[PDB]
Amino acid sequence: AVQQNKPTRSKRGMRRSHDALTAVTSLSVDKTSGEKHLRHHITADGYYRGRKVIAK
Amino acid sequence: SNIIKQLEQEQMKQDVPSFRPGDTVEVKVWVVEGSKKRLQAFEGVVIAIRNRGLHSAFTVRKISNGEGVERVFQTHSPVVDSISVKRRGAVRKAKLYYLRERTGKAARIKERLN
Amino acid sequence: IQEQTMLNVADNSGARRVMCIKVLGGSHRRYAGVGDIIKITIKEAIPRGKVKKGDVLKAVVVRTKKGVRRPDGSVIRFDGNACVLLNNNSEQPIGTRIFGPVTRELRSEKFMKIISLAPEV
Amino acid sequence: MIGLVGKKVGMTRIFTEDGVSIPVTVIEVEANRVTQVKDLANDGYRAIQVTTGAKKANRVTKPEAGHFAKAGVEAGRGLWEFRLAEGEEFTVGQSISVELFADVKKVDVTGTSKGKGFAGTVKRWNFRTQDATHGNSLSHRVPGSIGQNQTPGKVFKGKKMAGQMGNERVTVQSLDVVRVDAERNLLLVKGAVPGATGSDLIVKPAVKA
Amino acid sequence: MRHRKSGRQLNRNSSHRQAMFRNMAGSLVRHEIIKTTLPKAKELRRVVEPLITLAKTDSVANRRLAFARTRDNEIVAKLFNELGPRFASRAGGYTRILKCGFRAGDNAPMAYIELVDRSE
RNA sequence: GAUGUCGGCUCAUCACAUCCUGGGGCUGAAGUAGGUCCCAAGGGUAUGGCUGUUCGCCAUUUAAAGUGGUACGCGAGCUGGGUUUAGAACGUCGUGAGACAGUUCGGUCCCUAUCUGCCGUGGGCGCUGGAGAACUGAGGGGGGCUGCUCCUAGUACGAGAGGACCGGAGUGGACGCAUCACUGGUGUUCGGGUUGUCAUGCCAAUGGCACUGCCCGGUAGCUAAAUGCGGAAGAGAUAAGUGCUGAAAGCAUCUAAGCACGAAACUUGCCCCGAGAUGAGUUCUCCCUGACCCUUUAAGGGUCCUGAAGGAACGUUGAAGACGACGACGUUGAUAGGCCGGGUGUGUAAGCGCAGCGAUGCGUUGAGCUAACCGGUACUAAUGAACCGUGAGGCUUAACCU
RNA sequence: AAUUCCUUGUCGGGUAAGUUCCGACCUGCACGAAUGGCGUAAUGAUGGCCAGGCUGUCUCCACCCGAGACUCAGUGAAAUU
RNA sequence: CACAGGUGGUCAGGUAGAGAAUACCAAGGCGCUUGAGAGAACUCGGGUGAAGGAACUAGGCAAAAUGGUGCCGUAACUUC
RNA sequence: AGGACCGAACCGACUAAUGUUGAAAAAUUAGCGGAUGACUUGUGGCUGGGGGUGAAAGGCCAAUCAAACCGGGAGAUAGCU
Ligand SMILES: [Mg+2]
Ligand SMILES: [Mg+2]
Ligand SMILES: [Mg+2]
Ligand SMILES: [Mg+2]
Ligand SMILES: [Mg+2]
Ligand SMILES: [Mg+2]
Ligand SMILES: [Mg+2]
Ligand SMILES: [Mg+2]
Ligand SMILES: [Mg+2]
Ligand SMILES: [Mg+2]
Ligand SMILES: [Mg+2]
Ligand SMILES: [Mg+2]
Ligand SMILES: [Mg+2]
Ligand SMILES: [Mg+2]
Ligand SMILES: [Mg+2]
Ligand SMILES: [Mg+2]
Ligand SMILES: [Mg+2]
Ligand SMILES: [Mg+2]
Ligand SMILES: [Mg+2]
Ligand SMILES: [Mg+2]
Ligand SMILES: [Mg+2]
Ligand SMILES: [Mg+2]
Ligand SMILES: [Mg+2]
Ligand SMILES: [Mg+2]
Ligand SMILES: [Mg+2]
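Chains as they are written, first to last, in the UniProt record's numbering: chain A, 2 to 57; chain B, 2 to 115; chain C, 2 to 122; chain D, 1 to 209; chain E, 1 to 120.
Just so you know, these hints were derived from the structure itself, not from any lab.
Heads up, the beta-carbon is just placed ideally off N, CA and C, and yes, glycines get one too.
There may be inaccurate statements among the hints.
[Claimed, not checked] Simulated DEER-style distance windows between Cβ atoms:
{"id": "1", "chain 1": "A", "residue 1": "16", "chain 2": "D", "residue 2": "167", "range": "25 to 31 Å"}
{"id": "2", "chain 1": "B", "residue 1": "17", "chain 2": "E", "residue 2": "56", "range": "34 to 40 Å"}
{"id": "3", "chain 1": "A", "residue 1": "41", "chain 2": "E", "residue 2": "89", "range": "26 to 32 Å"}
[Said to hold, decoys possible] Some but not every residue of chain D turned toward chain B, in silico, with C-beta under 8 Å:
{"id": "4", "residue": "9"}
{"id": "5", "residue": "12"}
{"id": "6", "residue": "14"}
{"id": "7", "residue": "21"}
{"id": "8", "residue": "28"}
{"id": "9", "residue": "96"}
{"id": "10", "residue": "118"}
{"id": "11", "residue": "144"}
{"id": "12", "residue": "183"}
{"id": "13", "residue": "186"}
{"id": "14", "residue": "190"}
Using the sequences and the accompanying hints, generate a full structural model.
Below is the structure:
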């Protein structure tokens, strides 16, 4: 099966309407450090919910 | 669950004696008949077995008049009434479906004997 | 029990294997067991007997493998299907004796003649 | 009459002194305090909104507890109407129990549904499987010929063909009642009602004879 | 539909999910920390904890059986002896997860399985 | 500058010149059963043997095995048996190449779907302040089958044989829906037996590989052959038909005036969807009542401060699920995992002891092990934040009002 | 009959029922003796028919294990128009 | 094409086995240059199936089955 | 002994599925036929186009064959599109 007609550039976009991306609804900062880390998991240096796991 | 189980054991009977997949037993159920109510006996050989609380089965091989019969009693059923044990045997298996196609000699199930 | 299906004979005359060429009891009626009427076709018969091979009469299923459960739920199942031949036009058994145990399902006041024979249930 | 909102959690025997085993779904109706009455001059009909459970008083939104507190507050799973007529109930949670279906033998039971989802014919429409063998290329079990041809042109609606199978009211009607044993919010039917345990059911007298 | 079916099949025979988990569990009992896949962890979870639980008790009995799983007759020592009595009081949370996810090649989300008592 | 043939399969949809079932007229209609005509399209409407068949004949069923339209419905859905490629042979015709509206054996069936169309399922925005809900129900769809037995009543009818009506009761066939409690199936995540071989130093005990190696049995879940329930009653207006009273037309007449019955059709009753019903509906509840400027000022545009109800997000997850969606839970916690105890299933572990020359047996032991289960338990993981949404809601008229 | 149009000839056998099959009849549309006639043990991935075993071929599908399908990240076509 | 195809010769360990079959291994060489999840219809390759057992179909197509050594025993017909 | 039997290598190609913008311009998988012989294979050689070769299908003669490929007559001719 093929297209009997060439889809207009217009229609093409309509399809890419829901193709857009999303943001991040803002992330999170740690308490033990201003660690600008992702919500619910390890900071840039072993930290997370306070404390600090994984050396270095 | 919690409501059940208790609502189940609420019907369960305690007249049920010891069992085994090799035992013989002789279940005695009702019959009703025409205007009667006689108790029909059914001495056989347990092959499979219940073990599900109120919900329980027997599965007993007998081999009546020439042909073999198999009955899956429902342990906790008013129709079950009495249920002997007769001869207990050693099997070393949970289900004796293998004891199916056998017949004399090839079926001979060595008694338990404790 | 459905077309074909070779069942033994629980009565005498025209012994051994007999094929069910139809399941009477309505359109599309799939299978039949317990104690239903079945169109049989003697495929063995005995040297003498009363019904010879090739005969196409009717019969009643006396024993099935799918057993027969009753109220309580407990089921009764025999090993090997069996039926009993009987006059075509006006029911009732053709043989005199009935071998093997039967079931209380035939206690119907229309098959009495059979349950009244030695065996069991 | 009106009915009560229960919660599926049954399926168990109940042998009789006669020798019969009766199947049955154990519906649980723990009171149904009417959360609000609906008038025909104020609303437009004759109904009685009720509840049965009681949220953890945490997930209860103010707009929710606002409607409850407005009347006989006491939280609960949700709100359920019950169109009635020629007989009302005390607005505030008058509290109706399983003893309601006392001199009753009808019942309907309206759970959610199954939940197959996957769909696909042969199961959602009880279709027929094509030649398992004897050739047949990539067409063992499939729709096969959905329409007709040029004359028809399109494909008539309703054309059975796969699609989500599950989650949908689907009542039952009838179902002889076994025991209305109250003082434990217990009600037993004949057996086989929709839902899959812990489901919200709407048991009420069968509209049918 | 899997309705109410427990257990994760990752993506391979019921054989792989007996080694890529056995070599992992044993690999966990060693360093007490790992940066595996989130799922490949939440699963590994109910693989070691059971072993540790089984580790609570000694005896050749609950030993050889412990040797059955994890053919490492070495880490079995780490069990019963080391982390054996270590968690000889814990309720079962012998494991942490420490999420982080997102690997290089595959956008796959990694994790950090670790013995609850690893920090020193 | 290609619209794939016949039959089958699968899946249909309509017509009515109706096969069954429902309602009536006439009868060469005693009853039972028929014959024929009128009405009626709700639903239903056979398995095999022979053949490529369609059809047909035959066997045996059924309430019945309807007729026809749909590219003689259906190959970007299946087949490829018939039939038109190339091989080969027979009968036949031709000197022959070859040929046949004769036969015979053999003979490559492509396509990842853009558009309409369907079946499902989300994302926007709109419904005039914003929310969380519960309904109303315009409409739309689903379903609409029928056997036998008994009671009536061995009565009415009939010479007998035979044998009803109306009405009532029970149990089936086929079909649909739901559900795993039962009966079973599956159960490569549970237990066991065992062949070959490799390995863990060896004995013992184990694991790997050989279709899960082969195999026995099985929890949850899912299921049908298992189990429960439904096609109704009742109304409305009728079809054909039947009539009352009734003149035109002194009678007669169902019609012209004028009333009464009347079917599985039709409207509704039963089940489900449903306010995008833009004709966007109703009811209940919840939230926000701080300040300025520029003006092209009847509206705006912008500023600081504020961000509510709620929402979404993230995480633990589900009998929910393709992904979105929907449900539960997030330390004010059982939402998952682990853990504890039980259950279940397997079937009496390992080690030791003893007996036997040994295979092996017995004891410890009914053990050992035990997934999706049940009861319970914060050990682990479910962070405090932050995020979006605001700040009393246009005009005109009427009703009320100080 | 690898030859028969009429043709599913007729009869018999097999089946519950057999336009195929096997044994016959002869009315050979239109067999026939090295473009060989009729037989023939053995052989055949050869044509037809029958049966026992076997079974998901089917009644009527159910579950289960894998590779795709679906989601994410990287690469990135096609016919057609 | 860093293509599941084609390509002649030589060497020939252990256990089991008739064996250059086959299975597990040694020496030796490899995991095939997208992966991570999920656990839908449907397609592909498989495993298990209640009762029936060729009713399938143009046709038993495909499946399922049978399968080893020793011994016993084995029909018509026959070119023996 | 044998164009003998069963069966790997080896030669072949009867069946089905899958592939059909393939892994592949004929394969993969499960079966299948021959397997001391008219066997099978390496290397080199000889037959050349109206000619060769052919256990005979119009088959093969470099993915081409009822007359190969390359170049030329050549802008063949084309009442046709
Ligand atoms: Mg193909
Ligand atoms: Mg049109
Ligand atoms: Mg008409
Ligand atoms: Mg027919
Ligand atoms: Mg036949
Ligand atoms: Mg056509
Ligand atoms: Mg095709
Ligand atoms: Mg053909
Ligand atoms: Mg393996
Ligand atoms: Mg002949
Ligand atoms: Mg000739
Ligand atoms: Mg991508
Ligand atoms: Mg490569
Ligand atoms: Mg079966
Ligand atoms: Mg057939
Ligand atoms: Mg057929
Ligand atoms: Mg075959
Ligand atoms: Mg096979
Ligand atoms: Mg040879
Ligand atoms: Mg091959
Ligand atoms: Mg050979
Ligand atoms: Mg050469
Ligand atoms: Mg060539
Ligand atoms: Mg010239
Ligand atoms: Mg030119």
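Okay, the hints, checked on the actual structure:
no.	hint	in the structure
1	A:16 / D:167: 25 to 31 Å	holds (30 Å)
2	B:17 / E:56: 34 to 40 Å	holds (38 Å)
3	A:41 / E:89: 26 to 32 Å	holds (29 Å)
4	9	holds (7 Å)
5	12	holds (5 Å)
6	14	holds (7 Å)
7	21	holds (7 Å)
8	28	holds (7 Å)
9	96	violated (20 Å)
10	118	violated (28 Å)
11	144	violated (41 Å)
12	183	violated (12 Å)
13	186	holds (7 Å)
14	190	violated (17 Å)
When held up to the earlier numbered hints, the structure conflicts with 9, 10, 11, 12, 14 and fits the remainder.
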